[PDB]
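Take a look at this single chain, the form deposited without the partner chain, given in structure tokens.
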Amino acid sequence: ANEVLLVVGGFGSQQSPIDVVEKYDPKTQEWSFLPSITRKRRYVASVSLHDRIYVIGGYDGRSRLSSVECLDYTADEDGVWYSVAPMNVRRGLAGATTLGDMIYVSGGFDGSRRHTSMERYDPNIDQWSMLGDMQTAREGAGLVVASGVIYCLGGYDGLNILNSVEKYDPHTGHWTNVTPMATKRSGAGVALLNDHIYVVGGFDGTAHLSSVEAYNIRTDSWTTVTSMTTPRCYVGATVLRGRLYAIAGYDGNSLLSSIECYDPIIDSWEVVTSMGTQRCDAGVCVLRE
């Protein structure tokens, strides 16, 4: 039942992509380092599946990455990351999620173009498969699964910040539009809590945002939520033990080491901890121990 939070790579305060992987245990309220990833990767995504941490694409300062590597979370202090099949496309600032026993990765930038494509990883065969294309090409969008359906929210198409939301049903293989967010956001963090997809922070073209919105998947409608303690752009989001966590990010002035948590019943955000690193555009995921 204990869930831990993993924060992988991103952009660090020394103005460089980083390879640092930190783990936060809510039980001890301590951070620990895991073995570092093999390459420095900013604009990176991460997911967990079958107690394996996956680090997906990104940018190493020179190349956008199709590379993917994996860490078995049951390993001891002495390692070791291992590569698995690369994606079909190079993707910086892609959205990544899991549904069933498979990884879904959409959008991103390859250094030339933003992607409408989504692709899927099957661990049993170590293969990535191209799936259907979104209507709008996007980088900086989140991917989230809510009751067997994937939602891709907001982002940036190379000129415009987007408030558009698309959903993908594995049963149909099609993307269709749903009701958009109030505010256009790129680099917002996204997670599901109760029956609602929460979208936290990001950048609206003008300002770095502390604003939060929640989408009722049952009623196709958006509502404003209590704002974060601070603006956070290129911020991670996930849920540990029934609470929404926002991880690190850029506040418009500095990179952040803090993590803050939201509880809908008391309707409050508070900073609960700080990592040893300040970062943005880190990948984030949760493992159950």
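Only residues modelled in both forms are compared. Rigid core (definition): largest C-alpha set, two forms, superposition within 1.5 Å. Residue numbers count along the first chain shown, from 1. Compared with the form deposited with the partner chain bound:
- With the core held fixed, the Cα of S274 is displaced between these two forms by 2 Å or more.
- Taking a Cα shift of 2 Å or more after superposition on the rigid core as the cut-off, the single stretch of three or more consecutive residues that moves between these two forms is 274-276.
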Second form
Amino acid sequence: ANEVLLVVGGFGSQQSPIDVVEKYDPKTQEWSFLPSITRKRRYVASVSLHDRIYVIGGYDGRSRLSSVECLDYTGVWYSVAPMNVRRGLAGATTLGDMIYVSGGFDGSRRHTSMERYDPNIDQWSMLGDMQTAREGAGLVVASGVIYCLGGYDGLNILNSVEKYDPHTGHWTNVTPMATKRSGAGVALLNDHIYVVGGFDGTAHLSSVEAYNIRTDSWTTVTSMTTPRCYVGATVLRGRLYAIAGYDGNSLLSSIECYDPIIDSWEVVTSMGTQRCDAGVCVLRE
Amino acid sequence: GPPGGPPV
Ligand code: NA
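Given the form deposited without the partner chain, corresponding form deposited with the partner chain bound:
First the chain shown before, then all remaining chains and molecules of the complex.
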């Protein structure tokens, strides 16, 4: 019944992409290492699904990537089928028993497209396009529907939000966020979508907003302890964790935790690898 | 360089 945090890859203090994989357990507050990924990837995404960690896309310093590798967490990494497109700073989520990845950047273009991974046939299928091309936007599932949030189209940091209805296969617009953010963290918690930090085009942000789904409205939440952009976000037993990132001067090694009980953020660790644009996901143990 | 990133 006990979940843990996972952090893969990203951009490290030696200002290169890394291959470090870390586990963080919030109950003991201990860190540990898992086996490294095969290649070093910054700008990278990660999801877990049925006790399998997938590492998706990213950028190694020479090329952006379509490759994807896998680890049965119950440890050696192995390659599975590649995406149709090379994607860094892509959004990524799971729904049903599928992976969905959307947006990103191949080295020339930002993508509107979303593709989907089926572990039963080891194949990535392309789906319908978003209206806006987005890098640095997160994907989050709520009640069987996918939301893409904020990001960057090549010219503008975005406050726009789109939702994908699997019953229709179409994207539609939702009410936008109050502030434009790229590199923000996004997670679902108690039927609200939280967006934490990111970069609005001038300032690195500590600000947090929450989308009430039942009302189609956004509200300001308590700012984090420190600005963070290109930051991971995940929910673990009813609490929202902000993970590493860039504060606009330095790479963060700390995770902070938002407890709705106190409506407040607490640093729970100062000890991970400093890094940003890494992938994060939750593991059942 | 994505917006708001560190120097490289
Ligand atoms: Na509030």
